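Number of protein chains: 4
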Amino acid sequence: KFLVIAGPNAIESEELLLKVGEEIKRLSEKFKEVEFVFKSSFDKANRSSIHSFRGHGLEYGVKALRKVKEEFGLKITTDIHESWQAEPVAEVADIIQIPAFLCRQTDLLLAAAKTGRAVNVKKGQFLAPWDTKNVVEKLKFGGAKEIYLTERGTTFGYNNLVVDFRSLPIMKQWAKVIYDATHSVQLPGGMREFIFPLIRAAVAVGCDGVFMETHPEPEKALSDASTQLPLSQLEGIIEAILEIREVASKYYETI
Amino acid sequence: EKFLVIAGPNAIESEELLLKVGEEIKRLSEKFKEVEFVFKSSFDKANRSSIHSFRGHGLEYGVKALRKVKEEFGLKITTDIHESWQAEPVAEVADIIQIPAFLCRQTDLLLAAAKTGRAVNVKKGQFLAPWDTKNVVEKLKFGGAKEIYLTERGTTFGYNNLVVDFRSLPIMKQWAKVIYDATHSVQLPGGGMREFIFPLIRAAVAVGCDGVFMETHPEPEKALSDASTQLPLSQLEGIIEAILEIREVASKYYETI
Amino acid sequence: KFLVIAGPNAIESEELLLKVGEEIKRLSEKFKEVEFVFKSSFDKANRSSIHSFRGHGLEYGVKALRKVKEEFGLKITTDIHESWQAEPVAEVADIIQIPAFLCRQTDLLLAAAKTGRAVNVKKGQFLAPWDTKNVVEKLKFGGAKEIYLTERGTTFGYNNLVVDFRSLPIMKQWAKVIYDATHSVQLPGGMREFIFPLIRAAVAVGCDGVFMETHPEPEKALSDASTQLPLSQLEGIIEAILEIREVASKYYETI
Amino acid sequence: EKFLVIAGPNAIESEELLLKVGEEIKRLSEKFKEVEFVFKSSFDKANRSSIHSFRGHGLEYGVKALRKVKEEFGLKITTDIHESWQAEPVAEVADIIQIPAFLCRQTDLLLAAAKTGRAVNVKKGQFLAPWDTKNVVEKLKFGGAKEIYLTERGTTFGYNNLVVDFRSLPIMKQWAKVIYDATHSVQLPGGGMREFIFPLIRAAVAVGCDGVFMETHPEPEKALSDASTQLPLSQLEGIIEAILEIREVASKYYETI
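Residue numbers (the deposited numbering), protein chains in the order written: chain B, 2003 to 2191, 2199 to 2264; chain A, 1002 to 1192, 1199 to 1264; chain B', 2003 to 2191, 2199 to 2264; chain A', 1002 to 1192, 1199 to 1264. A prime marks a further copy of an entry chain.
Pulled out of the complex, with its shape left as it was, chain B reads as follows:
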């Protein structure tokens, strides 16, 4: 079924996760035609500034995510940054996420694959669609069976990203494809106004799921504040993508 990966960008507090998990749980019951996966990072290991919010550590993060899964029965996904983290994270994460800048780090991919969990690799901003074939091959060699590739924009000049929708059908040749509606519109070093329009494009073109960050009060977010979606708007967007997918899917090209 269609995958919807959503949650607050960073684990600002297990409290925040619970509030967002509650809504995601509700939508989960309302849209049985969708597989929801709760996402949140225990650490922002690649911030531009040394003075920016990183998180409360792996232990606190895995604990809070464990709370969400136990209290709501929702699948979990979070990203790892160094090989040693794969094992402890796999204790709770159904899907281990690989950061865009780290999509070429062989040991991180192999460590993720070794856990037996599904792996979702964020496509590096420096990678071409066809360059992802090798990424999948690494994961398969490592024993991974459920593999996702996420479109999150490509470097387009300085401090800007562009989404080449041709990437969706190309990557689909070797993995399930997810469209990251949040990071794709962020200006490195974004505009929330383009989030919905581009997500409509993604489903019209055809993808296996959508990744969207949501926060009760985006303005107060300690990360991706400019692009996280207000929690209250999540339901409407999900319904919209299901409606567009229902009609457009008739035209999705084979493989």
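These are computed hints drawn from the structure, not numbers from a lab.
Even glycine gets a Cβ: it sits at the ideal position worked out from N, Cα and C.
Fair warning: there could be bad hints in the mix.
[Stated by the list, open to error] Derived DEER-like restraints, expressed as beta-carbon distance ranges: (1) A:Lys1116 to B:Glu2228: 45 to 51 angstroms; (2) A':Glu1148 to A:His1053: 57 to 63 angstroms; (3) B':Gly2245 to A':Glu1002: 22 to 28 angstroms; (4) B':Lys2116 to A:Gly1192: 42 to 48 angstroms; (5) B':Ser2054 to B:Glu2248: 34 to 40 angstroms.
[To be verified] The list that follows gives simulated cross-link-like pairs (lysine to any residue, SDA-like), each with its CA atoms no further than 20 angstroms apart: (6) A':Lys1142 to B:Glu2031; (7) B:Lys2259 to A:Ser1258; (8) A:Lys1142 to B':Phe2055; (9) A':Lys1142 to B:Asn2136; (10) A':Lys1142 to B:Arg2049; (11) A:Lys1174 to B:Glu2202; (12) B':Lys2046 to B':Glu2017; (13) A:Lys1046 to B':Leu2112; (14) B:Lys2135 to A':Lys1046; (15) A':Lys1046 to B:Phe2143; (16) B':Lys2259 to A':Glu1202; (17) B':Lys2229 to B':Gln2242; (18) A:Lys1135 to B':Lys2174; (19) B':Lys2135 to A:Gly1059; (20) A:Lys1259 to B:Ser2258; (21) B:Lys2142 to A':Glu1202; (22) B':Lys2147 to A:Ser1051; (23) A:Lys1259 to B:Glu2202; (24) A':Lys1046 to B:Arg2049; (25) B:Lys2178 to B:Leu2112; (26) B':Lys2174 to B':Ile2264.
Position chains A, B' and A' against the provided structure of chain B, taking the given hints into account.
This is chains A, B' and A' only, laid out in the frame that chain B set:
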């Protein structure tokens, strides 16, 4: 608002070719009554990469052929101009005067088109940012244009490749009606990939635009221009139906500019 | 000999041309190892805004340029925008310049070639280095014998240009190569601070000439005010490029 | 200031290979006394495109081989780290700790390198704008780094291609010493063109930088990595002489930051 579909053979290979495509466009205009069809074909390919490539049979021949399409089928017409002097003669038959992408900044060409009283559709240059088109529209309005369109046809992305930044659709909608060129957007400059034409057109309509531009030919493989990207005429009907369906379902979500 | 194409961006007045022509004439006498060509546009036919300075017309422009050639004995170059202009412009222009946006307009190139004058084509911001082979072929077909290709930057994301110096040796395979030090640093829709550094790069890599716009008071320029070089700084930069070329030329690769 | 030349085989194919290149670098360091040579070689290629490509013989073997180069030739050493835990062991032999381009934003890796007390050279990510490196240097200074270098190695330009924006040299010089990577800048990601190595290095020195990074191998065609871009060892001397000459003549024109 009535959706615009600009379609036809890239170049006026012959008047017969035009009539063949025109006949089909006419049939479709009778079926898709909610669509405003505009027949397109260039009387001259003034910017071919090679001096040895097909250009056309001249303005005179071309205008005459386009006039025949309009007369025999009652279809609106659009063709592009390359130098200021062509605006007047072309305006005699063209309902919409098209401004080539490489020439979108040529002031006199825009002014020549605007003073004819005809609608003007400017292909967004491969070097232009979405917000840079505001001044393009301003020039046209200054010149008397009352019906203006901006066409998205890809942006320079490295060498011999174009990318379509769909954020351009809502941005340009701020000052003009927006058309998505499904054919040129997937071509590889000086290198096109037909397999991406349909998916990207689906994207355009889901994001929201005021029309689509698609070149079609009875036998693309034999086209004298854009042979790699022109759509087989028999596939036009299905593509149009598909975009109307996606447009309908996505429409309630189109943001207000 | 090494070509130096310099002058004010636009023909703001024949007076301005005379003042700049005087200095260029002086440098002309001081640097006999260089072929100076006076440049200035009789019309800015591609301004972004309808309210920006365009010029005083072709007649006034050709007249002022004619004055420079007669009063200083300097070669002339100006750009054309429509085919009909080639003939009248050729009356004074030793080198007919083809605008970057118009580098693919067959009739403009042929009209320029038909005059018998040399032709310098500004490489479009949308063109790849190897794509210029066809541009030269058009000009040769049209009868042109002296052909130049000018590097002036390539579209790099939005409102920015990048100079891929690999273009110099590539274009050299089929034409003489000129480096436009002024437009290459301008931000479409620039930074004078990068003009000198990039011109040093151009000569270290190897080119047949440099194109530089200069104005007595750049701040008062009605065009390219942000990138035109103060007249007083021209001598120093020319001497610098000659010195760097003298040393570096030993390493310029063959063809 | 003494010009830095970082050179050596891309990967530690064997200790013997290192000694062969080291011997030549040593000879050159005796001739070009105004140059500070630093021997470079990766103990691991942790980011190969393919799982089937050569990676290396491990950290232990690599550090031991690099230590042999330093001991036998008295040359400074630099190698790159891929995860935080490698900083300490590598710092035992490396005078300059290199941070991979894809990892230039990984805070812990930068911090791990900085606390060793060794110099740190960060390859500028292909996704980073020149001004975005200010925060990279800030992170290092925060971590205790006192000797920091930023290496220009190209920027993503479309697919499978990199472009070198030389404006980056003067911009980055505002907060760190700048090195130009003549080898990786001409490689075609997931596609390199050796014919552009020398011309672009000439450009770098004419613009002005504090050093150059060039990979060299006795027989590039047989290299287990970067076979298309590593310079034949016999050509190193001539290239170094050329850059010193161009640097000298261009030096009086270098702008003050």
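Tested hints:
1. A:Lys1116 to B:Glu2228: 45 to 51 angstroms: 49 angstroms, holds
2. A':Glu1148 to A:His1053: 57 to 63 angstroms: Holds - the Cβ-Cβ distance for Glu1148 (chain A') and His1053 (chain A), about 59 angstroms, lies within 57 to 63 angstroms.
3. B':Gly2245 to A':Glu1002: 22 to 28 angstroms: 24 angstroms, holds
4. B':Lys2116 to A:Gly1192: 42 to 48 angstroms: 30 angstroms, violated
5. B':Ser2054 to B:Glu2248: 34 to 40 angstroms: 48 angstroms, violated
6. A':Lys1142 to B:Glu2031: It is violated: about 50 angstroms lies between the C-alpha atoms, which goes past 20 angstroms.
7. B:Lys2259 to A:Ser1258: 18 angstroms, holds
8. A:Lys1142 to B':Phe2055: At roughly 18 angstroms apart (the allowed maximum being 20 angstroms), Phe2055 (chain B') and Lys1142 (chain A) satisfy the hint.
9. A':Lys1142 to B:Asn2136: Measuring from Cα to Cα gives roughly 36 angstroms; hence the hint is violated.
10. A':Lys1142 to B:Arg2049: Status holds; Cα separation ~16 angstroms.
11. A:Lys1174 to B:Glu2202: 14 angstroms, holds
12. B':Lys2046 to B':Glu2017: Roughly 18 angstroms separates the two Cα atoms, so the pair holds.
13. A:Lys1046 to B':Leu2112: 15 angstroms, holds
14. B:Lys2135 to A':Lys1046: Judged against 20 angstroms, a Cα distance of about 19 angstroms means the pair holds.
15. A':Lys1046 to B:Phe2143: 18 angstroms, holds
16. B':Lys2259 to A':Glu1202: 16 angstroms, holds
17. B':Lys2229 to B':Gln2242: Distance of about 16 angstroms is within 20 angstroms: holds.
18. A:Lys1135 to B':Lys2174: 38 angstroms, violated
19. B':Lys2135 to A:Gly1059: Since the Cα atoms of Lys2135 (chain B') and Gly1059 (chain A) sit roughly 26 angstroms apart, the hinted pair is violated (cutoff 20 angstroms).
20. A:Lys1259 to B:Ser2258: 19 angstroms, holds
21. B:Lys2142 to A':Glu1202: 37 angstroms, violated
22. B':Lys2147 to A:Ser1051: 18 angstroms, holds
23. A:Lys1259 to B:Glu2202: 16 angstroms, holds
24. A':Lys1046 to B:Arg2049: Roughly 24 angstroms separates the two Cα atoms, so the pair is violated.
25. B:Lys2178 to B:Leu2112: It holds: about 19 angstroms lies between the C-alpha atoms, which stays within 20 angstroms.
26. B':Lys2174 to B':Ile2264: Roughly 7 angstroms between the alpha carbons, so the hint for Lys2174 (chain B') and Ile2264 (chain B') holds.
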